[PDB]
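Fit chain B with the ligand to the supplied structure of chain A, relying on the hints for placement.
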Amino acid sequence: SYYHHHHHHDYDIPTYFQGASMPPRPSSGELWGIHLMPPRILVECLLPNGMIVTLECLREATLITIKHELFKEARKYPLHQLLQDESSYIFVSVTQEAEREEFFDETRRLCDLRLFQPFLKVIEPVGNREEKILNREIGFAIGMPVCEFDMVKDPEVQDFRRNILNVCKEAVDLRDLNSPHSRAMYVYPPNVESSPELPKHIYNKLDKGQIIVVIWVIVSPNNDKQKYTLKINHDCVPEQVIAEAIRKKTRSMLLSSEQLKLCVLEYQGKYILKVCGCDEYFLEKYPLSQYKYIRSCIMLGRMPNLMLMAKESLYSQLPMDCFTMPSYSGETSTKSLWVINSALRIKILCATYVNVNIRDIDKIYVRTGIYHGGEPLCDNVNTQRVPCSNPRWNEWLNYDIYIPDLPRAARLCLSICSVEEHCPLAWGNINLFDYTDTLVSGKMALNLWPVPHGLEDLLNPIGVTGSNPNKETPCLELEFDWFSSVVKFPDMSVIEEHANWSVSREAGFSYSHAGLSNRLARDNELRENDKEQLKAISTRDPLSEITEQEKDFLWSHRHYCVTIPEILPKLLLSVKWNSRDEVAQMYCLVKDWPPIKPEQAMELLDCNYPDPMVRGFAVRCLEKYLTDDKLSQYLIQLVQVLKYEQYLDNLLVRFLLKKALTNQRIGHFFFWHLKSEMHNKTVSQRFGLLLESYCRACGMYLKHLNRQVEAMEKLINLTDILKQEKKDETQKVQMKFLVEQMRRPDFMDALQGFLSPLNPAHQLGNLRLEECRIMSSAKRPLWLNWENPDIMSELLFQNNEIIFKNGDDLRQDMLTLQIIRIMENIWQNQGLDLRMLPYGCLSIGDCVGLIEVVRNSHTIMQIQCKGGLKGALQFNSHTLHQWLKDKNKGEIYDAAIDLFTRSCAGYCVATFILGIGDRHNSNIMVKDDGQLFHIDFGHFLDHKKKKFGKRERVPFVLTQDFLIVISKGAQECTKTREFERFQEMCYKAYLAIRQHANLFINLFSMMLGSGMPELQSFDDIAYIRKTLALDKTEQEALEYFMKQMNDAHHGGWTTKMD
Amino acid sequence: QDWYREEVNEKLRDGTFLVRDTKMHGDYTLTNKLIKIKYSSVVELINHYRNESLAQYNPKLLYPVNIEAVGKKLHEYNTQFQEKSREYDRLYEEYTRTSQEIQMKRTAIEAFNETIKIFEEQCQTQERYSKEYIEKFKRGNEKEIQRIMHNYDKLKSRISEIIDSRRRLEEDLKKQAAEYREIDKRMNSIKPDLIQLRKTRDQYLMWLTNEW
Ligand SMILES: Nc1ccccc1CO
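So the sequences go chain by chain: A and B.
Here the first sequence stands for residues -26 to -12, -7 to -3, 0 to 308, 320 to 409, 417 to 946, 948 to 1056, where the numbers follow the entry's author numbering.
Here the second sequence stands for residues 329 to 330, 333 to 334, 340 to 349, 353 to 359, 362 to 371, 378 to 383, 389 to 390, 399 to 418, 423 to 428, 441 to 514, 516 to 585, 595 to 597, where the numbers follow the entry's author numbering.
Hints in this document: simulated from the structure, not taken from any laboratory.
Just so you know, not all the hints are guaranteed correct.
Here are the simulated PhoX-like cross-link-like pairs (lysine-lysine), alpha carbons at most 25 Å apart as the crow flies [what the hints assert, rightly or not]: (1) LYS944(A) <-> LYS575(B); (2) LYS551(B) <-> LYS573(A); (3) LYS863(A) <-> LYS966(A); (4) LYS720(A) <-> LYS700(A); (5) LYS240(A) <-> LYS264(A); (6) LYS941(A) <-> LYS567(B); (7) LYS532(A) <-> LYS530(B); (8) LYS353(A) <-> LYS551(B); (9) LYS228(A) <-> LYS290(A); (10) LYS948(A) <-> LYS459(B); (11) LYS575(B) <-> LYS1024(A); (12) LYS678(A) <-> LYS448(B); (13) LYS363(B) <-> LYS944(A); (14) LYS942(A) <-> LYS567(B); (15) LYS1024(A) <-> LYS382(B); (16) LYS943(A) <-> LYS575(B); (17) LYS594(A) <-> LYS621(A); (18) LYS530(B) <-> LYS46(A); (19) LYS733(A) <-> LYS720(A); (20) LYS459(B) <-> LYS448(B); (21) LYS575(B) <-> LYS353(A).
Label pairs and their in silico Cβ distance ranges [stated by the list, open to error]: (22) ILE348(A) <-> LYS447(B): 32 to 38 Å; (23) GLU496(B) <-> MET130(A): 48 to 54 Å; (24) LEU413(B) <-> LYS1054(A): 34 to 40 Å; (25) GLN478(B) <-> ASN380(A): 42 to 48 Å; (26) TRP479(A) <-> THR576(B): 44 to 50 Å.
Computed from the model, here is a short list of chain B residues facing chain A with C-beta under 8 Å [what the hints assert, rightly or not]: (27) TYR368; (28) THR369; (29) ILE381; (30) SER412; (31) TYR452; (32) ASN453; (33) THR454; (34) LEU466.
Every residue, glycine too, gets a C-beta built ideally from N, C-alpha and C.
If we strip away everything but chain B, and leave its shape as in the complex, we get:
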């Protein structure tokens, strides 16, 4: 008794091997690739393939991976892990919605730009047809042109606002893009320790073999 499916694959998660147990089917199994198993023994055959490779049989097995005083440490490692998982679950939210919000800005910036161009074209459009009517007739005069001046004066100081408005958006894109990086930065720090906090919690529960 004393290396010897679902919980086998979870122990192959991330050379590594182990041996498994219908009896009218086979007997033992070497798990990732599965090999069906004189066998003169179960411990005989495996020691031979630890040093050596599996090429010659078929066109290595390199990695054979306080009764009251470990019990509460199952609650402790779980309660940071489950705190740590929440932190990972929060940030992956923030990361994605910040990615979303970002591109809504990018699309708005494009919309702004197309808005602006129609207006640029509009102040361009009035010059062609207004400065026809400044030079025809002449003696309308100021009751005509100083109202055609008023219209135009609005037309550009509006465009001013629209470009102001676009800039003010563009700056926020940067600050958002900054925060986006920062989130990812910390995501990648939390991740590897989350795995180690998780991996020891498996080992701590596996040695023992639930208020915790």
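If we strip away everything but chain A, and leave its shape as in the complex, we get:
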């Protein structure tokens, strides 16, 4: 009656679809195919005399210990007198990366060697430079051996490795320029806002520009400290602050005034300012306000705590970086591209590995096309030959574009398709010119890539240039027309001359033309209706596509466009890249175009601007305008944008690499963002090669990065065992296993002396195992807690705790928190105080990461479970508000509500615009002090509209709970002024972002590289157009926002002067 007695006969009750909750695994641990080696283990010790003594020794034994015992237990075997003293020997074995690694560091533990099979050959030290065979350190940091590169055939690779050192050498120069200062300046760059100005809402906190600061000192033995509370000008510098501390410290009844002045001067510059509780340092002329620690204190109602640290104790710590060149320290007479008189043609041959059902699929072909982002000719196919069963062509596809009209950045994109039954099988793209400027000619083998999740379209030009390094995949080879000579792309002198010729030739073209459009006839003197359709176009966002009229219109008035530098991105998308006439002329405008702002210039490194000249310009912008503060904000995007760079060596890489080697805070996140994506074999080579350069030249931080790396691998194994072998055990049982393991010496070693990768300022000391635990989630995330071993920990935080989560893919969270952070700074630097809490997140691997724990904060759900009465009948709307009053009693109350209402406002607007996952009581959080913030954001640009979805959703819907709180205690509170005030924040917040909507488009645009399913192509990013409403006028948008906020809430939003 329930089911019409319909039997489902297939349904097997045992097995299971991962429903009956943890995603991608696994990577192996301490020995081959076993996560965690047995505590006592048998190891075959191969000696120089050919004997195999099999030792038994513990999992955690050092090689000093294994050697020392092996040369005691080898005596008892035969041929003892054909062995030297043990000190004449070193261990060696085959690792899981399959390479013969020599074991120089004898303090290393047997479990920590990644050994594959449990054995150890004995040898005498070959290749006498021991020093140089600390490329171990580099390949450990990288997660592949350096020798794997030394055996790469490709000349580009080997050219990259040699030529990139140019940069490294220059960078190491800058570091030891005015040492030891410049070294400290590298290691401890000043953590500083890019604007010395102060928003009015901060200034107002200071009583006419004055902060109370507290300077701390230590005397004897190295124990007791002393405060020296100053009150100084916000805008005074560290050198002034150090003086005023010293004055106060050394005033006396025995020193006159004049005598004080002298004892200060001899002391003044012997010291520098530290921040208490972490390794941040105020090391150059900046307003104290402009340092971020200071500006945070001012907003948080706190009194700075600095320390007077002696330059010689700080320079004591900074060791030498002492850079060493590694062992690794075009063609003659050619024919120009422009000489060649033929159309392009390409011979397609023989796909071999094609896995298709001959039942289901009818017939299959190879689509092809030439590309520049978007394409310079008609797209064409071959005929549907030897369909399915052993696919074989020997055609010549003929492309209607002459060979001299191929732009420098041109690329062939191809794909194998099936049959309006059209359906792509495999894909792959080649650069038509190589990295040495050479037009490609001859036969090429190209192993193809699988179509991605979202990719319904059939060819894939945005996808990466190059062949799949995985051999066992559809390898379709092909032939490129060869013109008796290695063809090359012309010099710049040549391309200038063609342009100067092509412009003189334009002046003599006469009168009318049919579709004259693309040239003026208007003269140097241009109409005023023309000049105000141009600046009108200039304003429009990246995604508002241009019509062919507007293109030709722009392209005609191209020379006036030098008036409006900011128009360049549009201008370039109007050029016909299939007309070398046009393109040559463009190269000369772009040559000496006025530099633009970095936020404008980052568009020009997205996938739609492949030209080298263009991208070079954009880098020249960044070189001039983009600051170390603003760089390290956008670094994620600048690393993602590398993937669209045709060749290994380029300007973008050389820039980033240099900044990384020049400022250790960038370097740090530069490492992790590259390292993060080493599993993804599109980028493994490129990023590996880059990480090698960085690691080779960054000096002592490498050793620090190795410790972080060594710590994460331990944790990755730990969570892997918990998620596989120790599932279906009680938390109780799991947590024993956790403690038991962390106790062992190798873990104790590996997890104690290091720097948080979420922020390397924080040192992580001994871990407090009392407070470490496996959280309740199914992904088995680890709650980890460390002592803050800083001298004055107590002044900042005694304990430092962060979450390590093996399951989820952190990089969507990572990106949304970046976008929030940016909205905060946009708002706040317009005097508009909306307090977002973009908590820390870092992807370090394939679905592995780190999340900053915010202490004293609670999921609304907890609030309500805590304040819920027993006889569990229904929860109260007020419970939230009750809990919050309970925290904030007195004048304190009114300020807590302000915060809530300010943060609730930002997170409303932010969340609506970004389209993030629907909000509810277990992903909204409130702090004791009354700030609200979201977590576990989910898919951002509305990825569950790929199912059924113009929904234009509202994810943060303000239940009664919040509204009560927003308006003190009122009943039916939609009508209080408290809430009017609120709505006004929401309206001025919505608009403030809308005026910066370009950047947000561009930040999302630059991320298309990353294999994030939520960002497959531009229409994804086009959600953010509707929700910011850029087709509308701002007053229409305000109403659109009001309207959307009204309909989700059911009543509130229809009273303001827009």
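Then chain B with the ligand, alone, in the frame of chain A:
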């Protein structure tokens, strides 16, 4: 009223054209390439360029593409589509992790091989130095050599195991490689129907113009 951005581009997804509607900007638009639009009419100008090409204006438009009884078919086509999408989402997982697992084997096979060579070299290494001490001295004798025999006997029957172990891996590579192909095989079958199941679901919701 009765062919006439974001949802326009989704209807250009996969000659084909249509006409679109700031008013202080232009009026209508012909969408893929965009053409801004006497216009004597909107329907006048387009009929002329359906038969003919767009070359002569600027250096064809060939493809102008039950109120209660279609409603539940929106739930039905959606519930296979969303089943079918899951099947596609599962297999692309299996495909890739099987690709991963495969290459971990390939790398292990290399590691095995290098392991073996060090051992081959070891049994080679003992012969040079042991058969020096068999011919020097002689009259040690069996208290020496039958222990140097014992060591060696282990040295090779270990190598036996290591090559056994490698083979046993190599066979699994094949079975894994087989399964890898089979997954891809079915991926490519499910894909084209997934598009048709999706394309009709768009058409069914577009004719009507949500428990479903
Ligand atoms: N014109 C263009 C360029 C890049 C991406 C998408 C489009 C429109 O489909």
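Evaluated hints:
1. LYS944(A) <-> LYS575(B): Since the Cα atoms of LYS944(A) and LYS575(B) sit roughly 13 Å apart, the hinted pair holds (cutoff 25 Å).
2. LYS551(B) <-> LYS573(A): With Cα atoms ~51 Å apart, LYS551(B) and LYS573(A) exceed 25 Å; violated.
3. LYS863(A) <-> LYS966(A): 21 Å, holds
4. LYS720(A) <-> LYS700(A): 30 Å, violated
5. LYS240(A) <-> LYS264(A): The given pair, whose Cα atoms are some 22 Å apart, holds under the 25 Å limit.
6. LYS941(A) <-> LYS567(B): With Cα atoms ~20 Å apart, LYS941(A) and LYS567(B) stay inside 25 Å; holds.
7. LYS532(A) <-> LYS530(B): 84 Å, violated
8. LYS353(A) <-> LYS551(B): Since the Cα atoms of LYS353(A) and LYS551(B) sit roughly 28 Å apart, the hinted pair is violated (cutoff 25 Å).
9. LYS228(A) <-> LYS290(A): 18 Å, holds
10. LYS948(A) <-> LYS459(B): 23 Å, holds
11. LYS575(B) <-> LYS1024(A): OK: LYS575(B) and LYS1024(A) at ~24 Å, within 25 Å.
12. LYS678(A) <-> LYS448(B): Violated. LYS678(A) to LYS448(B) sits at ~42 Å, over the 25 Å cutoff.
13. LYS363(B) <-> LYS944(A): The hint is violated at about 33 Å.
14. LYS942(A) <-> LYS567(B): 20 Å, holds
15. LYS1024(A) <-> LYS382(B): Within the cut-off at roughly 22 Å; holds.
16. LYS943(A) <-> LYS575(B): 13 Å, holds
17. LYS594(A) <-> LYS621(A): 9 Å, holds
18. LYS530(B) <-> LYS46(A): 22 Å, holds
19. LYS733(A) <-> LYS720(A): 15 Å, holds
20. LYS459(B) <-> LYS448(B): With a Cα-Cα distance of about 16 Å, the restraint between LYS459(B) and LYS448(B) holds, given a limit of 25 Å.
21. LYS575(B) <-> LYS353(A): 21 Å, holds
22. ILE348(A) <-> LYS447(B): 32 to 38 Å: At 36 Å between Cβs, range holds.
23. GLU496(B) <-> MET130(A): 48 to 54 Å: Given a distance of about 21 Å, which is not inside 48 to 54 Å, the answer is violated.
24. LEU413(B) <-> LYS1054(A): 34 to 40 Å: 48 Å, violated
25. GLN478(B) <-> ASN380(A): 42 to 48 Å: 26 Å, violated
26. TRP479(A) <-> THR576(B): 44 to 50 Å: Holds, since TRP479(A) and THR576(B) (Cβ atoms, about 48 Å apart) stay within the stated range.
27. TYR368: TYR368(B) check fails; min Cβ-Cβ to chain A is 11 Å, beyond 8 Å.
28. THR369: Holds. Min distance 7 Å.
29. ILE381: 6 Å, holds
30. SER412: Violated: closest Cβ of chain A sits about 12 Å from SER412(B), beyond 8 Å.
31. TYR452: 11 Å, violated
32. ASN453: Given a least distance of 7 Å, the restraint on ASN453(B) holds.
33. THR454: At 11 Å from the nearest chain A Cβ, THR454(B) fails the 8 Å test, so the hint is violated.
34. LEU466: 11 Å, violated
When held up to the earlier numbered hints, the structure conflicts with 2, 4, 7, 8, 12, 13, 23, 24, 25, 27, 30, 31, 33 and 34 and fits the remainder.
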